[PDB]
Amino acid sequence: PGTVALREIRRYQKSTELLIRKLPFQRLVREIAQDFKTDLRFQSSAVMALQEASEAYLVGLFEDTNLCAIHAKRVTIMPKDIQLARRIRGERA
Amino acid sequence: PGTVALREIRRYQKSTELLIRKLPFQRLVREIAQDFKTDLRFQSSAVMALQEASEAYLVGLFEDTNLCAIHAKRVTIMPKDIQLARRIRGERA
Amino acid sequence: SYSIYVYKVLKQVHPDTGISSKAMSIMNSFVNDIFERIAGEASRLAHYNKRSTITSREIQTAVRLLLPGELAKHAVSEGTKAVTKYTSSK
Amino acid sequence: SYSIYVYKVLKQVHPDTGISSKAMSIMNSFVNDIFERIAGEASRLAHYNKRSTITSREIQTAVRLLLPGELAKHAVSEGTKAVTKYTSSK
Amino acid sequence: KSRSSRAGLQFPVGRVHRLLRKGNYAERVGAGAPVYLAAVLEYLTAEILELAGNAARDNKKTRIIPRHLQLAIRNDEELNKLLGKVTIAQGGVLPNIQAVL
Amino acid sequence: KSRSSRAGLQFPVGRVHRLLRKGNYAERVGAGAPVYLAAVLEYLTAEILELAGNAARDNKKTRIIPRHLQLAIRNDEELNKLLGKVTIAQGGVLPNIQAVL
Amino acid sequence: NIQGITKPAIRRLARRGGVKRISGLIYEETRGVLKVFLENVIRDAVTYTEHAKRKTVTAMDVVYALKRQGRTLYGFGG
Amino acid sequence: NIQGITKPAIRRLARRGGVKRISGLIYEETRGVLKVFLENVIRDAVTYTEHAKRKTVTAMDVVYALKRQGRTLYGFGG
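Chains as they are written, first to last, in the deposited numbering: chain C, 43 to 135; chain G, 43 to 135; chain F, 36 to 125; chain B, 36 to 125; chain E, 15 to 115; chain A, 15 to 115; chain H, 25 to 102; chain D, 25 to 102.
Hints in this document: simulated from the structure, not taken from any laboratory. Every residue, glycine too, gets a C-beta built ideally from N, C-alpha and C. Any given hint could be a false lead.
What the hints assert, rightly or not - Below, simulated DSS-like cross-link-like pairs (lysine-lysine); rule was C-alpha separation at most 25 Å, straight line:
{"hint": "1", "chain 1": "C", "residue 1": "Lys-79", "chain 2": "D", "residue 2": "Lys-77"}
{"hint": "2", "chain 1": "A", "residue 1": "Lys-15", "chain 2": "A", "residue 2": "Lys-36"}
{"hint": "3", "chain 1": "H", "residue 1": "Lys-91", "chain 2": "G", "residue 2": "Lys-79"}
{"hint": "4", "chain 1": "F", "residue 1": "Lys-85", "chain 2": "F", "residue 2": "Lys-43"}
{"hint": "5", "chain 1": "E", "residue 1": "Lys-74", "chain 2": "F", "residue 2": "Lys-57"}
{"hint": "6", "chain 1": "F", "residue 1": "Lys-120", "chain 2": "F", "residue 2": "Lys-108"}
{"hint": "7", "chain 1": "A", "residue 1": "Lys-74", "chain 2": "B", "residue 2": "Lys-57"}
{"hint": "8", "chain 1": "F", "residue 1": "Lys-43", "chain 2": "F", "residue 2": "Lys-120"}
{"hint": "9", "chain 1": "B", "residue 1": "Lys-43", "chain 2": "B", "residue 2": "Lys-120"}
{"hint": "10", "chain 1": "D", "residue 1": "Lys-79", "chain 2": "C", "residue 2": "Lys-56"}
{"hint": "11", "chain 1": "B", "residue 1": "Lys-108", "chain 2": "C", "residue 2": "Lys-79"}
{"hint": "12", "chain 1": "A", "residue 1": "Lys-99", "chain 2": "B", "residue 2": "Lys-108"}
{"hint": "13", "chain 1": "A", "residue 1": "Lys-95", "chain 2": "B", "residue 2": "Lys-57"}
{"hint": "14", "chain 1": "A", "residue 1": "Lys-74", "chain 2": "E", "residue 2": "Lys-36"}
{"hint": "15", "chain 1": "H", "residue 1": "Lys-79", "chain 2": "H", "residue 2": "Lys-91"}
{"hint": "16", "chain 1": "H", "residue 1": "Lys-79", "chain 2": "H", "residue 2": "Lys-59"}
{"hint": "17", "chain 1": "B", "residue 1": "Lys-108", "chain 2": "B", "residue 2": "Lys-43"}
{"hint": "18", "chain 1": "D", "residue 1": "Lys-91", "chain 2": "B", "residue 2": "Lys-108"}
{"hint": "19", "chain 1": "B", "residue 1": "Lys-120", "chain 2": "B", "residue 2": "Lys-108"}
{"hint": "20", "chain 1": "C", "residue 1": "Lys-64", "chain 2": "D", "residue 2": "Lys-79"}
{"hint": "21", "chain 1": "B", "residue 1": "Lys-125", "chain 2": "A", "residue 2": "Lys-15"}
{"hint": "22", "chain 1": "F", "residue 1": "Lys-108", "chain 2": "H", "residue 2": "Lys-91"}
{"hint": "23", "chain 1": "F", "residue 1": "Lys-116", "chain 2": "F", "residue 2": "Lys-46"}
{"hint": "24", "chain 1": "F", "residue 1": "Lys-57", "chain 2": "E", "residue 2": "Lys-75"}
{"hint": "25", "chain 1": "F", "residue 1": "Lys-85", "chain 2": "G", "residue 2": "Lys-79"}
{"hint": "26", "chain 1": "B", "residue 1": "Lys-46", "chain 2": "B", "residue 2": "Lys-116"}
{"hint": "27", "chain 1": "B", "residue 1": "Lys-46", "chain 2": "A", "residue 2": "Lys-75"}
{"hint": "28", "chain 1": "F", "residue 1": "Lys-57", "chain 2": "F", "residue 2": "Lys-43"}
{"hint": "29", "chain 1": "B", "residue 1": "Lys-57", "chain 2": "A", "residue 2": "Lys-75"}
{"hint": "30", "chain 1": "B", "residue 1": "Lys-43", "chain 2": "A", "residue 2": "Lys-75"}
{"hint": "31", "chain 1": "H", "residue 1": "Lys-91", "chain 2": "E", "residue 2": "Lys-95"}
{"hint": "32", "chain 1": "B", "residue 1": "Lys-108", "chain 2": "A", "residue 2": "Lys-95"}
{"hint": "33", "chain 1": "H", "residue 1": "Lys-77", "chain 2": "G", "residue 2": "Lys-122"}
{"hint": "34", "chain 1": "E", "residue 1": "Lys-99", "chain 2": "F", "residue 2": "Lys-108"}
{"hint": "35", "chain 1": "E", "residue 1": "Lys-36", "chain 2": "E", "residue 2": "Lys-15"}
{"hint": "36", "chain 1": "C", "residue 1": "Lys-79", "chain 2": "C", "residue 2": "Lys-56"}
{"hint": "37", "chain 1": "B", "residue 1": "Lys-46", "chain 2": "B", "residue 2": "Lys-120"}
What the hints assert, rightly or not - Label-pair distances were calculated between CB atoms; the ranges are:
{"hint": "38", "chain 1": "A", "residue 1": "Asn-73", "chain 2": "H", "residue 2": "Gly-56", "range": "32 to 42 Å"}
{"hint": "39", "chain 1": "E", "residue 1": "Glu-41", "chain 2": "C", "residue 2": "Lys-79", "range": "30 to 40 Å"}
{"hint": "40", "chain 1": "C", "residue 1": "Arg-63", "chain 2": "F", "residue 2": "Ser-124", "range": "50 to 60 Å"}
Whenever a hint applies, use it, and build me the whole structure from the sequences.
Here you go:
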């Protein structure tokens, strides 16, 4: 329902904390690093830097996605919005 | 009508020539340069470089605009598309 | 790295408002960043004009190029004011 | 500026296909561009690792960083092949 | 006497001078170069530090935390361009809800 | 004997060597540096020049004009990334109409 | 003066962009962007000129201006 | 393993983005992008590490990696 949604926007927009649990993220980084070089170790701050940048990247993406969703007539964001945003952003997989 | 439109797309997509009349463009450049420095003169190639870059910029913009127009349900491109594109492109006036 | 100075500048602007270590981290990133940016353009300007030395005249043009509208005008003023004092203030 | 070489390379690849002056202009822009790009990163890599000299080891890492996926692998091979010939081919 | 004081500055003219040559930016950097650059650095520092300090007060605090730098940078239209593609660690995002909601 | 021939290359090793030091990139550039860089430059040149030459034939011509470089660069997925934010003067655009039309 | 740009020309530019239908308003809207794009580029372009003490803006100036804009242009040097 | 990222977390991230309603599909879609983003960044990050002969990826490596990505990050040095 609309009221809780906005209430959540308001609260999480006022927030400054990392929204993903530290551990799961760290694992994702290790489980990725292993491809490029098997004997790799990341300092905790280096991992931290990645999360700060990762979540920053994502909200920024979300904002743009939101603008696309609204561009039609919707309030609900679909994959096609993330894609249209990333497209115009020049991003690629 | 659809048939002529596509026929025009096909022809102008195959084309490589500058689509704006040289003269009007050159005037626009002079009539702008005058602000920054009154005693300014542009070589013809420098002007040419500006047009190559200007029209390039514009079709690129148009492509993106087109993707926005289509994003709703439309085929006709409106200002709100150019704006949504420029927004996600990070551009500003 | 700049913490000394940025703190010195802080008291000069808000002589009662402190700054966190983490926020100081950011300030340091900012200082190094725009330094890197300005010196990069300055260096670029010098090669273009086939000059082997980076004059203050390059720092200025670099500043005009990288900084926004009116934010650039002050930076030039401040720099000229500063450079001139130093040169005369032998 | 590179027209000599790019033409020399052209005949080597298509010994019957010519190239326009305007197209040659582009090729020259390309050569200078990626040169500027690669040397820029190479230089960046050297300062980071507090080295006063740009080794071929920097050109390589720079190449890995700037060039796409598999397009980078060849460039490294070609460069190593080339460097090695020159070094041994005294 | 100090080059930083001769130029009436806080930022280290000397340090900036070292960085300019070490950096391998130039062949030889002039005398006024670091003093001009040091000057601009100090200026911008003061600028964002000012707006930041304001936002710190406006909430309720005395210590400036990243959020303030963020809120500060994003709210000044001119500073927002300069640090457009910059991410302030723990800066968070500027409160904003698209009207249509 | 020539440094370009010793390295089995077309691109001017010497020239590249001059540019590396003049450029004020480094303090001192090594011996293999220009030979490696010259090598990569020649490679990429050959690559795009090849694909370009193909497109020239595919149409009907013998001379490679910008359109070919363009069509060439844009069609190779890998080359398209490298020269992503590059504008080929008189290159035109890659023929393409969004399906939905 | 920007009115010298033309409906045709913009339609062609749109066509090359793969645009089928064009609302009558985008012609003036496009003039807006083209002007802003040129101002930004010419501003930095003359700043480069005002640096070598040259009253004439060379094509290499427009190039550096464009590179600063994040828009590399091939065909006028390097 | 990326499944360790969570619906909540993504919803929060979306909330901070000013998103009101979230289709159930964007949770997996977002995981797609987050992974690609991290791969690209960590790849260049370890390339910088493999350069100083350090087996440990320092925070300055992630920074240079990000600057190469066009994403400057403040707070971990400079």
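Now for the hints, and whether the structure bears them out:
no.	hint	verdict
1	C:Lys-79 with D:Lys-77	holds, 12 Å
2	A:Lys-15 with A:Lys-36	holds, 24 Å
3	H:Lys-91 with G:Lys-79	holds, 21 Å
4	F:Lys-85 with F:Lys-43	violated, 39 Å
5	E:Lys-74 with F:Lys-57	holds, 19 Å
6	F:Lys-120 with F:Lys-108	holds, 18 Å
7	A:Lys-74 with B:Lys-57	holds, 19 Å
8	F:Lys-43 with F:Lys-120	holds, 20 Å
9	B:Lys-43 with B:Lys-120	holds, 20 Å
10	D:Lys-79 with C:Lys-56	violated, 39 Å
11	B:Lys-108 with C:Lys-79	holds, 17 Å
12	A:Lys-99 with B:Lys-108	holds, 22 Å
13	A:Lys-95 with B:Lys-57	holds, 23 Å
14	A:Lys-74 with E:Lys-36	violated, 55 Å
15	H:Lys-79 with H:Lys-91	holds, 21 Å
16	H:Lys-79 with H:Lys-59	holds, 23 Å
17	B:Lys-108 with B:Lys-43	holds, 24 Å
18	D:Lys-91 with B:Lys-108	holds, 23 Å
19	B:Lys-120 with B:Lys-108	holds, 18 Å
20	C:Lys-64 with D:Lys-79	holds, 22 Å
21	B:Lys-125 with A:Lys-15	holds, 9 Å
22	F:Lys-108 with H:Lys-91	holds, 23 Å
23	F:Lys-116 with F:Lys-46	holds, 22 Å
24	F:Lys-57 with E:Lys-75	holds, 16 Å
25	F:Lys-85 with G:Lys-79	holds, 24 Å
26	B:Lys-46 with B:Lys-116	holds, 22 Å
27	B:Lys-46 with A:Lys-75	holds, 16 Å
28	F:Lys-57 with F:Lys-43	holds, 17 Å
29	B:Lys-57 with A:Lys-75	holds, 16 Å
30	B:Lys-43 with A:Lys-75	holds, 20 Å
31	H:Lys-91 with E:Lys-95	holds, 17 Å
32	B:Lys-108 with A:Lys-95	holds, 15 Å
33	H:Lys-77 with G:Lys-122	violated, 43 Å
34	E:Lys-99 with F:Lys-108	holds, 22 Å
35	E:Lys-36 with E:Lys-15	holds, 24 Å
36	C:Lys-79 with C:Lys-56	violated, 39 Å
37	B:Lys-46 with B:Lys-120	holds, 23 Å
38	A:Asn-73 with H:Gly-56: 32 to 42 Å	holds, 37 Å
39	E:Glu-41 with C:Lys-79: 30 to 40 Å	holds, 38 Å
40	C:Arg-63 with F:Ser-124: 50 to 60 Å	holds, 57 Å
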